[PDB]
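Q: Chain by chain, the residues run as shown.
Number of protein chains: 2
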Amino acid sequence: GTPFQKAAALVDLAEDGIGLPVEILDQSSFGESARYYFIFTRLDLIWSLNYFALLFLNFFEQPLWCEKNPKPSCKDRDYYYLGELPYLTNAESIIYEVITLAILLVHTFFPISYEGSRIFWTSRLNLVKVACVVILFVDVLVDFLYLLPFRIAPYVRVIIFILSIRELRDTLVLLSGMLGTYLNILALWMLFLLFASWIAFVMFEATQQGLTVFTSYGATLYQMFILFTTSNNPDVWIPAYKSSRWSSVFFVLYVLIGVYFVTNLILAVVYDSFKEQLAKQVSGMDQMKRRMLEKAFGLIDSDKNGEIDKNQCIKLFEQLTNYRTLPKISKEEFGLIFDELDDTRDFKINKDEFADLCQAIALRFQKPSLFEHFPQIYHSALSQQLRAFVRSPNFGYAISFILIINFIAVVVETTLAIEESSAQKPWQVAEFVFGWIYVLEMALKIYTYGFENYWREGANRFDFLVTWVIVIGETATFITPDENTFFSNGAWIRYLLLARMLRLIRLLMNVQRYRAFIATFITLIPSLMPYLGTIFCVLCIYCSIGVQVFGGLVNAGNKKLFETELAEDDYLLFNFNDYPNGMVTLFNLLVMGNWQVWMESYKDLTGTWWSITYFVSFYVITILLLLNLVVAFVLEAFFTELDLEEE
Amino acid sequence: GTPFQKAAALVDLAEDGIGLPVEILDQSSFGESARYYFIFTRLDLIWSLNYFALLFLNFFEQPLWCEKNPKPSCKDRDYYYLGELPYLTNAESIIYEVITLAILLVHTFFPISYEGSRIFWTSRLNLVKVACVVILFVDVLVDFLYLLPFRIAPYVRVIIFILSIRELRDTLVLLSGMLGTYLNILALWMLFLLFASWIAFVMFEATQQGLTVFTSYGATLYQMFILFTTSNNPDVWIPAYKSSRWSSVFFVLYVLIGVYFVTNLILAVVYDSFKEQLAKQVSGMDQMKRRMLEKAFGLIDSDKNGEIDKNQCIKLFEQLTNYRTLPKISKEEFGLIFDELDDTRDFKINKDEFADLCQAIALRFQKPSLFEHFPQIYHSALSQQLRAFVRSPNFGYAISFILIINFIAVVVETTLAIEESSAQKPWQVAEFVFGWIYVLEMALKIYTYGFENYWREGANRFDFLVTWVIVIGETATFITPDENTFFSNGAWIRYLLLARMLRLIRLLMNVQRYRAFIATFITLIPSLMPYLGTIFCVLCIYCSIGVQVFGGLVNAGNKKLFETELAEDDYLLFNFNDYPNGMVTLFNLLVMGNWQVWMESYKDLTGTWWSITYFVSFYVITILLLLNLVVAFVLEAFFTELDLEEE
Ligand SMILES: [Ca+2]
Ligand SMILES: [Ca+2]
Ligand SMILES: [Ca+2]
Ligand SMILES: [Ca+2]
Ligand SMILES: [Ca+2]
Ligand SMILES: [Ca+2]
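Protein chains in written order, with my numbering: chain A, 1284 to 1930; chain B, 1284 to 1930.
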């Protein structure tokens, strides 16, 4: 067993908790596990595609209320206000499920090769994975045999997706940590609602407002909760205002105190609890990483000199360069990283000085063109003058001028968006000219900056891609002047218009203050991804629940639906019949926009007051816990960067 | 001229920028100015009452649209949806205005006595004050003569009230400072709205959504601005969703980006700018305060020894204690203040050590009963055991037990809130007993702690007041059992029930985690008062404007009003006919609850697209700038208080 291989495995496990167990490092037959692990990691993209396909299966699955026999079969996509996504027949669903299950079974049970036997079965996460996959196998086998209270496949596959990604698991652990403090603050919020509703119930006992709205304590509590959400602020206390204008003072006090005090208090408590949870998790990961790096360093130096020389550290570099989970490293980057790692400047790396490897490896991003093969062309008087022009600050001025002229052309073109394509050809030719000038611009920029220097930064690659896609689109439009179903259609023209509008957005980066804010947003989006994914999974679970319980109560032939708020407001296309319909309905409830319309209506269709436990629990878990968290991150990023400029 | 008098004036000016001018300190005839200033400050409560009466005059003034001759006179409070506040006739209005104007004229022109002549006419604040008062005098004289485009008195007296209070002036200066940054971020927000609306206009050109909602660029910009506030989130893009379910992706992107990027960015920018404004203002005030303290210290020490001996420093306090604008100081507190001021512990105060006078004076709040006059009663065997009981921790346990019994009794009372008073007398006697037990409790607490000890803290005073207030009412209810219009009325019984329920809040006072949050809420409001006052003044200005322009367009006989959103939603009692009606309508717009209903409707009644400039500006100035600032203070207070414990 080569010690450098064990050190490379330890570095992989030090970068993140995913890796080989520490209990297999010194045991015999180490390379056999290593090769199997490497082959497994070669297919991470395949595994990711499989998991995403497993999740996206739910969008196309036939709803359970179609599994029965409604009086019209649900192929009439308009009767039940469904729409726009196809349904897999039994054969398609079965073959798709079998494909996904085969890939999942290979993925789940493959670790047994490189984890030994006892280690695989002694891990809680692996036990949960195997339990989920065996439940999935039993469920699909039952489906095959039948061809049943309900199908448990959506929930189990969503759980598999959640625990297949490290970030979602971390988010769930953090939410579990927060749960206690969240329940504590929820108790105070509930006490405030209960006392305020009791006060309102007693005050408006025999008044006109107590005979239409606050009929009992339960109705008063319900309406006061809705009012706390400010979804019906003027509506709820119109009778009180009409009977006595002084009654509005109490409701103004309630709304103001509730909204500002309670809402901001809940947000602050959630942010504090999540910050403490992050502190604990990050401390745990940091200690694990430090311990793993210490073990690796102790393993490497078998001479016990205390420091690592040049050749040994280089050898470690090409031993660990084989992993795909670590950043790519070049040849001279080996020496560059070794030089950067040295802090005491002694051509050697200390035990504590080596504890900064993970940060150091992905830190260079620097350093030469292929245009210097022929020096008779690159070094010329006209070439030199053009090279002087390209870095001249007036080059950006000229580009901005061309962009403004393009802006004028696009605005005048959109002005005549009603007239037919008879007079559109001169403008199309002009935009062809503009696109080809932009192509000349990018080609000249490549011809100046070189190839690799042009490819180092990512924004330049994005500009590269957008320029090519827009120019190939405009060429496809131009070189085919005859009518065709792929070039004379208005959709292609609209796409071309949007392409020019994005190219005109490019202009907005001229203003430094706006460019800073756009850069802050763009940098923020990757860091907000795990929480958005957790919200997406929660919406998936709630959509499964809503299709299960509120399945087909909204129809075109229902009688008691047309007396509800949903039909009167014309939201009947926002329902829980489909999976996509649930995806959009939970988005509409996700913003508190007329959110009580659904809760009022489905409570009527279901016929029980228990159904609101679905929506209330949705509001309490999603809006008060997750969205508050997202808003907290957005505010924190903006506040930190804002303080960063003046600091 | 006594130097100690000049030092006292300088210390008064060092506490806050309000005081005598610095240019009269060395001039002859100081006591004449000092006595006039002292007499003036003796009437600060009268001045405050006068200013508040001037501000509250607007609530009762007859609306201008009544000064004309409508077909029915506006004494019909039901025809124009007015109500509940009386109108002053011409004589009452004239006499009230003359009284207020005379008092304010005395207040404004009095500083001429103690400030010389040139100094009074060389201050910008005095110049604007005299301009406001002369404009008010001209306006009231014109009103008297007439017995006219519009009445300028409301705005003028609102500005007089605004600049009569130092905190409102400071808030206006800070808003003027923020105006530039707020305008920049508003420009960015407007660019976002403009381009998003253009993209939506060209996307949905010939679609069903472009033929009903996005008819033109102006209508699209209007609807997208409304959608930015999520006031009509599902409503606006129903046609797009019904024609193509994929069109919802664009609107989901727009709404999410708006709500979670732009709104929070505006909030962060406003908070950062305002925090910088506080930094500048507080730095200026602190430097001015230190300069004034240095001048005072240089003035007092005429021996130039560099430190003040004890007796002279004590003598300074008898001179400076005559001002009503400085905290009260007791005779024996002089030595304690002198001891606390001394940091180097040398029985003397240094030049730099004198910088902490304003902080030190209002800092002691410590240091004894009158019950010890007879020692034969207080020092008794039973009295000693009672003293042991009262400080025992089980005393609070017994109090809580009594409170829980009171809870059970009052809940059972409220259950039988429908039955009349025959069975209500046993419960009335029960609450008679409970209130008198609480009276025994508070009197016993006085007897064990003393009188001044019972009076030092303010919460004890509040408990004192509420105990007497509730017990006098409960005893007046019982001692007069016959029917009366002041004791047998149901309103009095309801007041008694609310008083008891408010008393039961003490139970929540026990839970430490809830106690901290309630304490933070109580402590925050004193610090939030100037901003709420600024918002109140802005609402006053907008109410004056709305009554002026949207005066009587909402009637019971209007034809085009019943085709608007206002009448259909039954908000007609929320209008701008009155001043109180404007006070509540601006509150409903102040919270974004169905806020576009008014803006849609008055745009129809006025018949111009310019009227929305009233509401849009109201959104831009109040909600984006002021309410965001209030939310920032609430968040900051909660966050700092929460982080205090873990630190
Ligand atoms: Ca790893
Ligand atoms: Ca070594
Ligand atoms: Ca070293
Ligand atoms: Ca003063
Ligand atoms: Ca002295
Ligand atoms: Ca000293």
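Honestly, the hints are just simulated from the structure, not real lab data.
Take the hints with a grain of salt, since some may be wrong.
Same chains, same label: a pair holds when it works inside one copy or across any pair of copies.
Claimed, not checked - Below, computed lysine-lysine pairings styled on DSS-like, alpha-carbon distance capped at 27 Å:
1. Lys-1843 - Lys-1525
2. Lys-1611 - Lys-1634
3. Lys-1525 - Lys-1358
4. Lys-1843 - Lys-1631
5. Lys-1598 - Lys-1631
6. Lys-1634 - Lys-1886
7. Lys-1525 - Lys-1611
8. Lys-1563 - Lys-1598
9. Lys-1572 - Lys-1611
10. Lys-1578 - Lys-1631
11. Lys-1886 - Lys-1558
12. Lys-1634 - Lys-1842
13. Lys-1354 - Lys-1558
14. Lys-1525 - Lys-1842
15. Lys-1558 - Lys-1525
16. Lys-1354 - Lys-1525
17. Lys-1728 - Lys-1593
18. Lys-1631 - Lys-1525
Q: Now, for every hint given, state plainly whether the structure supports it.
A: These are the hints, each one checked on the structure:
| no. | hint | in the structure |
| --- | --- | --- |
| 1 | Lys-1843 - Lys-1525 | between (31 Å within a copy, 23 Å between copies) |
| 2 | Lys-1611 - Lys-1634 | within (24 Å within a copy, 66 Å between copies) |
| 3 | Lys-1525 - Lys-1358 | between (50 Å within a copy, 18 Å between copies) |
| 4 | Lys-1843 - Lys-1631 | neither (80 Å within a copy, 87 Å between copies) |
| 5 | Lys-1598 - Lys-1631 | within (14 Å within a copy, 73 Å between copies) |
| 6 | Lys-1634 - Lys-1886 | neither (65 Å within a copy, 74 Å between copies) |
| 7 | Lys-1525 - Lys-1611 | neither (72 Å within a copy, 49 Å between copies) |
| 8 | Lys-1563 - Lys-1598 | neither (36 Å within a copy, 59 Å between copies) |
| 9 | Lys-1572 - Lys-1611 | within (20 Å within a copy, 61 Å between copies) |
| 10 | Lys-1578 - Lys-1631 | within (18 Å within a copy, 64 Å between copies) |
| 11 | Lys-1886 - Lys-1558 | neither (37 Å within a copy, 47 Å between copies) |
| 12 | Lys-1634 - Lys-1842 | neither (77 Å within a copy, 87 Å between copies) |
| 13 | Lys-1354 - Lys-1558 | neither (54 Å within a copy, 65 Å between copies) |
| 14 | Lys-1525 - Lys-1842 | between (34 Å within a copy, 22 Å between copies) |
| 15 | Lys-1558 - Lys-1525 | neither (47 Å within a copy, 43 Å between copies) |
| 16 | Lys-1354 - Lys-1525 | between (48 Å within a copy, 25 Å between copies) |
| 17 | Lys-1728 - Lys-1593 | neither (40 Å within a copy, 80 Å between copies) |
| 18 | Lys-1631 - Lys-1525 | neither (84 Å within a copy, 69 Å between copies) |
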